[PDB]
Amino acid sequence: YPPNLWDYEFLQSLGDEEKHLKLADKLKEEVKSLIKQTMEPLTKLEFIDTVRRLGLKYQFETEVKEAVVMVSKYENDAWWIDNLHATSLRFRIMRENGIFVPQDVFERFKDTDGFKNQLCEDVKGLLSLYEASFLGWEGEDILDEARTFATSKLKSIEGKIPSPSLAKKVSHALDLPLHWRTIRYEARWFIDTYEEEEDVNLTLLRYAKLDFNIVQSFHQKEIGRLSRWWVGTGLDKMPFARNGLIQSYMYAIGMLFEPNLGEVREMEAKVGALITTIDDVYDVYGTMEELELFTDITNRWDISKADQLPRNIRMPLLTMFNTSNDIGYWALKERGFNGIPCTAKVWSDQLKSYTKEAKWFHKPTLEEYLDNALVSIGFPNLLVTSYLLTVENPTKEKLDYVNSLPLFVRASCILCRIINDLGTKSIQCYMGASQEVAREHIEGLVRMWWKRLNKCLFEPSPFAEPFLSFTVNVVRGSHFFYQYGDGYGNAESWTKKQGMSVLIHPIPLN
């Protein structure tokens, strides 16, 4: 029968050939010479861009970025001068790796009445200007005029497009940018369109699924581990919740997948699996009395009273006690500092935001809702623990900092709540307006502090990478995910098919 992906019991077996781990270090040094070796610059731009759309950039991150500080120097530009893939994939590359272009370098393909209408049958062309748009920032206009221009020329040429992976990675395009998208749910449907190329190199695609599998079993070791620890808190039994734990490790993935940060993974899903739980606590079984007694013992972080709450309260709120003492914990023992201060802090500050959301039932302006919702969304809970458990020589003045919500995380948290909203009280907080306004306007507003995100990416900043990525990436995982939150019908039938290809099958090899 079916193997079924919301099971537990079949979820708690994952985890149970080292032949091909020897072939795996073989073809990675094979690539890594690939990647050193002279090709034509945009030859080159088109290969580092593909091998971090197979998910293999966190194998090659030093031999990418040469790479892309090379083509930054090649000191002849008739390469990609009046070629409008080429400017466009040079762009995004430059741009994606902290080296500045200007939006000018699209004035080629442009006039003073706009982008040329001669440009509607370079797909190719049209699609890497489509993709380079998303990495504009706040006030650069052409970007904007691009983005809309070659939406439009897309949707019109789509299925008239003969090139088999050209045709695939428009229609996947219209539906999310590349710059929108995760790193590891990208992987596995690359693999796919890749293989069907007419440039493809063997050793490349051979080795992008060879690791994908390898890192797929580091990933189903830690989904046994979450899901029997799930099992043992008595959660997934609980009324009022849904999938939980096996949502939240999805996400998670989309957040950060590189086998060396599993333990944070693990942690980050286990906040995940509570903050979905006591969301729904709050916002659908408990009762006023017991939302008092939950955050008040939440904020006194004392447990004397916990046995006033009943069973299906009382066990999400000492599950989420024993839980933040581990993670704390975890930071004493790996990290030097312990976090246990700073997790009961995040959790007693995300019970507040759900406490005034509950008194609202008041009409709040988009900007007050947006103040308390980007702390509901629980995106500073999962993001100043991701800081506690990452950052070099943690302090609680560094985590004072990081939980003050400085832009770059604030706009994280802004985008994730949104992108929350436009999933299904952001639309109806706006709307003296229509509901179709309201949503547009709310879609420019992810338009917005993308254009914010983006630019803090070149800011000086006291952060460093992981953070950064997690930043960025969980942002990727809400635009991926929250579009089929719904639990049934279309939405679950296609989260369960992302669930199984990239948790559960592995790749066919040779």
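So that the term is clear: the rigid core is the largest set of C-alpha atoms that superpose within 1.5 Å between two forms. Residue numbers count along the first chain shown, from 1. Compared with the form deposited in another entry:
Residue showing a CA shift of 2 Å or more between the two forms (rigid core superposed; candidates 163, 193, 72, 213): 163.
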Given for the second form:
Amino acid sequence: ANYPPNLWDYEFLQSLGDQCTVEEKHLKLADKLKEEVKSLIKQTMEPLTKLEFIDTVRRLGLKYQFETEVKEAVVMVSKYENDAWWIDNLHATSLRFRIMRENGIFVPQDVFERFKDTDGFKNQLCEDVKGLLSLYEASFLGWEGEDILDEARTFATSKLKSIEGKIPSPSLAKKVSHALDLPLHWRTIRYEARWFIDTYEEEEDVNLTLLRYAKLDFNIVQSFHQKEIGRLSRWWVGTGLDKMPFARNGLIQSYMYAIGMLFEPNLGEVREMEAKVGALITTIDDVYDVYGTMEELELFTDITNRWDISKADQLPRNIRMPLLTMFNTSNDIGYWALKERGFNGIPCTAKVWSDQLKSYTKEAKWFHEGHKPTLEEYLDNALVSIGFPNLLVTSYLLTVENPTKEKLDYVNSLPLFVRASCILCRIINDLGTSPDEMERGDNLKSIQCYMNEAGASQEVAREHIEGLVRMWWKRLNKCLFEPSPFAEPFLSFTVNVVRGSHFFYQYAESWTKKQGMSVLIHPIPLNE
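What does the same protein look like in the form deposited in another entry, given that the last one was the form deposited in one PDB entry?
Keep in mind that what follows is only the chain, not its partners or any molecules around it.
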């Protein structure tokens, strides 16, 4: 074991692979239930009922198993000729608006106009909570310049808040509270699936076959995750970085975040590699922040820049081991791209690490010189220092068809889609900082930077930063309606890192542990 102790001991994590083996009879039941659920997605339903069903499928974390059928269902609903089923119905209108836009089918914000009067949304809509929640959730699919969706968000938030915690109807109470914490659009797929499996079971309209399949598929996917954490744990203990006197829970936390970025079994290898990079980002961040002197870090940065480990022995052991693990892992990842994808990715991985440590160095220079950057000067560097250019460009290297230097240079040039994602991850992380640490006047975080600029208060500045999150999400949403040159799975990665940030930096140990226990460690009890 390690001291200080990690969330779980590594031998435990390695034990999980065979502790939770899914019995062969459950594997065969899963294939059988999959076909039954396909049939259900395909079956004629009233259009609202079909949208509700495919919303449930998504929410249960199953869209990846039914991509063809869900899309085909959505298209069908977009072609249903008579609109009387949603017109003047706030829930149906909202749900349709959201499901259509999630699937690349435009619906104008004007569909909501009829729910307003001269002064704004009609106060009487507060008599229908399901309606309000669907409007709230739909509002997050909005784009810049869509003022009615901003009004919808403000109205629905306010009305739902006037009842959060006091709703005498258990499943809706739960869903509203959950939504006010984070909208569905901002949550991770995989962690939402585990929460919603429990919520769905308690709802009035539960389909037991869908529910049964959701639990079974959850456990099967979980068994792939458990094998991955076994492999990653063995790797991590092999690096010796578990014994550095910093970066407690680095590996496990990186892996838990990676599951938010991409959970699908068929992306296991990519997910392992992203988890290794994230554990090294966590470790090296600590090296730069809470261990190395300015002279040690200058040499760390120079070795990385030049990809030349000749002078590595000038660094003390606890700095040298992270350095050489970064080097060895980056070479391994670049090599996988050569072996698997036909393209040598070492220049790419070396480059994003060099860019990242240059950004750490800039922050350190500001901190030591007492520089107070503007928000815009801070974010241009801090969107690099958060590590998502590194993680995203790496993800692109490992998945793009026919990778080339020119394609990698393009992604690393931060096209709007990627820039929005990295800025979001940075600002979201900064917003997660509790005011216990704010009182410490760290000038190199978003809120404080804006406070310093404008002479604004902490509350006004926080509100400003929160507004930036909503703005960059609007840009992300619109980028998906013209995403070229990007394709799946990179389009999903770019969005899902943001969701990971929202989920893991909500504005801590126990909460993390709870999430890891339900998603990675404990299977769902089946009654089969």
